[PDB]
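> So you can see what is in the structure, the chains are spelled out below.
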Amino acid sequence: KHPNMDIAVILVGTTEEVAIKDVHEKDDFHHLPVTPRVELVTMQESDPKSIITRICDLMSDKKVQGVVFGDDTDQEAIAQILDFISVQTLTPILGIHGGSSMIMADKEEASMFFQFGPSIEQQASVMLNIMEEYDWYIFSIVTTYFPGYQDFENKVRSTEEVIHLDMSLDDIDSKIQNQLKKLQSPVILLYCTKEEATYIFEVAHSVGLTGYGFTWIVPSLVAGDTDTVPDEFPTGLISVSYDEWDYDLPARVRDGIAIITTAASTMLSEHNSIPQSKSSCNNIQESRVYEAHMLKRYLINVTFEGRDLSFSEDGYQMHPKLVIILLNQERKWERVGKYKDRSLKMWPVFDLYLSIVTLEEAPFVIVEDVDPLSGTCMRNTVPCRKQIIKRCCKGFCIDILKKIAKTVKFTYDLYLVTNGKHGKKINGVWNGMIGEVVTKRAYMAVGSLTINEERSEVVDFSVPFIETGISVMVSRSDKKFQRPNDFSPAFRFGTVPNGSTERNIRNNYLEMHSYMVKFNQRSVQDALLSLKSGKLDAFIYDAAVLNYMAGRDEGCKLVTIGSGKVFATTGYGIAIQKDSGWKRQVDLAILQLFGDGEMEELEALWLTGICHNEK
Amino acid sequence: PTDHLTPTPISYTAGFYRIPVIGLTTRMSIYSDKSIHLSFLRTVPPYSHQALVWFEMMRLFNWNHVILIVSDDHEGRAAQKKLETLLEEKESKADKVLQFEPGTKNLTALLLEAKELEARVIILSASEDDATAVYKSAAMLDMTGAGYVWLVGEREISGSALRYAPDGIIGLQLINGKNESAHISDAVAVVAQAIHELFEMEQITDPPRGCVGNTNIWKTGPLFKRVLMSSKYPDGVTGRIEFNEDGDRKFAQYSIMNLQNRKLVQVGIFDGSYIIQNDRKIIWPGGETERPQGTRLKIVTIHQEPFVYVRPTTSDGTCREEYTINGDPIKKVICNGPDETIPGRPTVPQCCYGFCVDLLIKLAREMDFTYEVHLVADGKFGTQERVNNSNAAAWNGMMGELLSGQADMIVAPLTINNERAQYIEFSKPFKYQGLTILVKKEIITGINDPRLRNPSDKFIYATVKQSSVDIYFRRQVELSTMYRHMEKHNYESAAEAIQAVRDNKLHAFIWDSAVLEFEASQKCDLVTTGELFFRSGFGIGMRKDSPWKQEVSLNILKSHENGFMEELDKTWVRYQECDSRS
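Going down the list, the protein sequences come from chains B and A. When you line the first sequence up against PDB author numbering, it's residues 26 to 184, 195 to 388, 399 to 433, 446 to 533, 650 to 788, in that order. When you line the second sequence up against PDB author numbering, it's residues 98 to 391, 396 to 544, 654 to 792, in that order.
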């Protein structure tokens, strides 16, 4: 009838001989169907032999069904050891502090082990949130062969250089110095054992990597307890860890006990069956312990005190509260941020402790020569440089960009493209602003740039701000376009080469391209020269430009085709690198612009032409 | 042996202090990752390293195309990684790869998938018990027969697996794998050389005395590992000794084994980087004096009137001698497809003859392949659909069969589009056509028709839901408004859609020209109007991974240049009675 479970807990360290004994286990939440029976033991310093012997010793006939481990130690290895015992015993074990909490190799699925440290993946996510908060976009990763690598590399990938160096085969070569010397990146993520970080850091100190503008960011393992900090670590080192202050170690142990007895209560509720099992390791594992698997299945998510203990398949808790910590000057570990569940919050505002390329379209981007007497740009004009001299850019892209920068609150450098303007493909290779987006010489490319499947494939695009596309402009699907030769007099139509229009044409309609190559024109003003003075009948180009030009002409001698309703309906987008980018944040900003109705005003000012006056 | 990798604990235990460990008998692969076991070295190569042989074997015989069957675990996946890495230097070759999970008695379906793959050579890694099931399942489908080759690990030939093993198989055995003692003498010899080389260095420290009281690693240990991995001493009882990066042994020697007369024999022996051929005669599975040999296409279609026709075979008798308008007998082939004639829908044996069929056989005379065709169960060619979570299911229809492998190649009138294009490789277009509208002549300005733009409940415009045209309507934003009007009053199939206009139930019908114009000729009561829009082409579907498509396009072009297509369209497009009516 009376279902009293058998449980054991151990504390190591605590900076005391006569470490605080049995502080907890005092009846709380007694309502839970099984009452805990607790035996507490402490041991001073960790060993594989001491721990294995003692845990088996407590097992005896005692038949304990659960174990919680806790340590004062910074040691990485401990968790794995206890985990090994778990694999052998099939007796659940978890740990609340220090090394046991420190990450470990992926746990054997059959095995049962849990850690109150955060998931490697979770930590990587937090590191990313931290970099995003300070908007440090460009970074590299230094890692070691220690377990979790490539679970980490993969997690970062999903969310400049990656380096894998074996601490084993320890170096005369300073091979780590020889590689580390190579990397030029400002923000570095490091991953390794607590001990390894020291060596890598001494070497970095030799290399000159710790100084002046470069900054390092670290996972839980290196900081460990945070009680002891060799100053071999550089100052300004940034890392995440669990907080001692929020909840003290006995509170955490209470959490562990609560998890074990809650899992026992739920398993009871399901099967009305005692979890209690023979604990002795030396002999074969007790029968019906093989049945224990479901316990793990039950134990993964557990809740008490309005607090979630939910685990992940690996055995780390799904979202323990976490603190952003920095090394304050001298030896201090002083908190900087708090982070929980989905969201993160950080305290310091600024100065703790994107370059853009465009092209001139005069409808969506106008280059002007600044007044020499003034020496610098005036009014709405924003500076842009072209390698060949400072040119002054202003216009639709400049204004849209300006509002976006104001809303998302970041600062940016603007320059002009040299090779190939808007991106162009000759054989195998890309050209233009897209090149500078691929070469990472540009983060985002802005302009009158059209959208297509290939570019959307290589780079993420912003949502279209304007209705545009291919269109026709003439004075005043039929296959009249398909062949000129069908009509006895020669007909004429042309477009600007190296355009998204020309590439699209070549993709879908070959004959039109092969015929129109003769009618291709140098520039839109010159293409206009071919239309305006005669010697050409029709002109084809981007719809927004053709509509603005429809509205603006020295005489209303030029008009659009039909209602100007364009095939290949598209809009002007904006380049980004890849799946990793500010991304969605941009998109929101954009439709907020129309959301307040600014775009209509900007349309009337910049886009609206005087022609189309008889309406 | 208890479970496996019974020398797991020591690598961990010594590993804490970085004390180097050397295994004699553990060929297990899971120790190769330095990350988990960082102190581990061995005088034997793992089972994964056996792939070195296979690549060399593959190298000699010139079969670039193979199939790999692995159990799912660190062992199998490691073997796959190693072999693929070997292939990476070459153009990466994943001809196919097949993963099964251990302890599974029946593997039949997976091999059924394997046969479809063209490559006829197979290599597998598994445990003895699993291998029994593998051979047991393989023999059922007669994959042990000639024209098929088997390459395998030492474990596979041994044990209960040997009993159920197929004839002519190729197999591997590591030399001195059973003996600890030779490896003992040699390992200790190496240790001695390593130590004597070690003490030449200074700043050495003795290993920790006793487990008790030492939480700290042993700084020398990694160095001891470094010298020991580099420790040469090529002369040894076991053979040449050098260690790879993982601490695994290099340049080990294996003895190739053959199953002749259901008994193990040494056909050759492998030592160093080069294989050696023993005087014994080569055996291949089934009867071969020498046979280094290394075949079917499942084709799927849909019922589309111009390019495909369906009639059942009369009784058992096969196909009619019916003749084309130009005097030629009509060719025909058998196809299994959906029948609506019975109240339930059976996959029914049928006779199908078509333009695409003549093309297919034209290829078949041109191409080494042989063909068996069955029509897809779903009347639709294909469209993405079903469940929300992750991405769930797959586009219903013949295309879905292609990814599924139900048919390895798709021959039908399929328009070619990017949304589909990412998923699969597309053959160069045999035909060039675009969408258009059919309306009866007898008393639509453009692709953009104000009459479409001015829709009416009174004036219908009809299409097939899940027809690719519908994908054009959904995917395209610019006309996205116009899609919905079309969505109303949709028809299920082509015949019904033409009929509605013929029945005059629906005033207009929208479909791609290649199917439509032939009908336009067929009746002339109905007419096509405007300019083909959504200009596109029809092509034969294949997976990107299959190289046969490379020939197909190459063949398609060759068929275009000679005017073969022109004459085929000329045959199958009658053109007999119709004109511009006005």
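By construction, these hints were calculated from the structure, which means they are not laboratory data. Errors might be hidden in some of the hints.
[To be verified] Taking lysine-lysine pairs in the DSBU-like style, the calculated list, with each CA pair at most 35 Å apart, reads: (1) B:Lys652 to A:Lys668; (2) B:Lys460 to B:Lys216; (3) B:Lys367 to B:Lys447; (4) B:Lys497 to B:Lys751; (5) A:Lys193 to B:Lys132; (6) A:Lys780 to B:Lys652; (7) B:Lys216 to A:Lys347; (8) A:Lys542 to B:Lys738; (9) A:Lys131 to B:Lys652; (10) B:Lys738 to B:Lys653; (11) B:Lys705 to B:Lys481; (12) A:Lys187 to B:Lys482; (13) B:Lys229 to A:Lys347; (14) A:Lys347 to B:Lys653; (15) A:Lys193 to A:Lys463; (16) A:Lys668 to A:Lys754; (17) B:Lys447 to B:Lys459; (18) B:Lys132 to B:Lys653; (19) A:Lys131 to B:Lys216; (20) A:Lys399 to A:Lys347; (21) B:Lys497 to A:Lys347; (22) B:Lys653 to A:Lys541; (23) A:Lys193 to B:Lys653; (24) A:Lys212 to A:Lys178; (25) B:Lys180 to B:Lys375; (26) A:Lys212 to B:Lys653; (27) A:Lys698 to B:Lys653.
[Claimed, not checked] Label-pair distances were calculated between CB atoms; the ranges are: (28) B:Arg679 to A:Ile366: 44 to 50 Å; (29) A:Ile379 to B:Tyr682: 55 to 61 Å; (30) B:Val520 to A:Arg753: 47 to 53 Å; (31) B:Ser304 to A:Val687: 51 to 57 Å; (32) B:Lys653 to A:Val783: 23 to 29 Å; (33) B:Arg679 to A:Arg753: 48 to 54 Å; (34) A:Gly200 to B:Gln212: 22 to 28 Å.
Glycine is no exception: its CB is placed at the ideal position from the N, C-alpha and C atoms.
> Now tell me if each hint is right for this structure.
Structure-based check of all given hints:
no.	hint	result
1	B:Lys652 to A:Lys668	holds, 31 Å
2	B:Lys460 to B:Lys216	violated, 41 Å
3	B:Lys367 to B:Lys447	violated, 47 Å
4	B:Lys497 to B:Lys751	holds, 11 Å
5	A:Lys193 to B:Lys132	holds, 31 Å
6	A:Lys780 to B:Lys652	holds, 23 Å
7	B:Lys216 to A:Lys347	holds, 32 Å
8	A:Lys542 to B:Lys738	holds, 29 Å
9	A:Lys131 to B:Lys652	violated, 67 Å
10	B:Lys738 to B:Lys653	holds, 18 Å
11	B:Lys705 to B:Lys481	holds, 28 Å
12	A:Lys187 to B:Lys482	holds, 28 Å
13	B:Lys229 to A:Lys347	holds, 33 Å
14	A:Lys347 to B:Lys653	violated, 72 Å
15	A:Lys193 to A:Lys463	holds, 28 Å
16	A:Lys668 to A:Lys754	violated, 47 Å
17	B:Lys447 to B:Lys459	holds, 19 Å
18	B:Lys132 to B:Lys653	violated, 70 Å
19	A:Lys131 to B:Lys216	holds, 25 Å
20	A:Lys399 to A:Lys347	violated, 44 Å
21	B:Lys497 to A:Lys347	violated, 42 Å
22	B:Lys653 to A:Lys541	holds, 25 Å
23	A:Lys193 to B:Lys653	violated, 50 Å
24	A:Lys212 to A:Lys178	holds, 23 Å
25	B:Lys180 to B:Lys375	holds, 19 Å
26	A:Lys212 to B:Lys653	violated, 53 Å
27	A:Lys698 to B:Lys653	holds, 33 Å
28	B:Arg679 to A:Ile366: 44 to 50 Å	violated, 59 Å
29	A:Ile379 to B:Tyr682: 55 to 61 Å	holds, 58 Å
30	B:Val520 to A:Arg753: 47 to 53 Å	violated, 34 Å
31	B:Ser304 to A:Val687: 51 to 57 Å	holds, 53 Å
32	B:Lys653 to A:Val783: 23 to 29 Å	holds, 25 Å
33	B:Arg679 to A:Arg753: 48 to 54 Å	violated, 27 Å
34	A:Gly200 to B:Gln212: 22 to 28 Å	violated, 49 Å
Checked against the numbered hints listed earlier, the structure breaks hints 2, 3, 9, 14, 16, 18, 20, 21, 23, 26, 28, 30, 33, 34; every other hint is satisfied.
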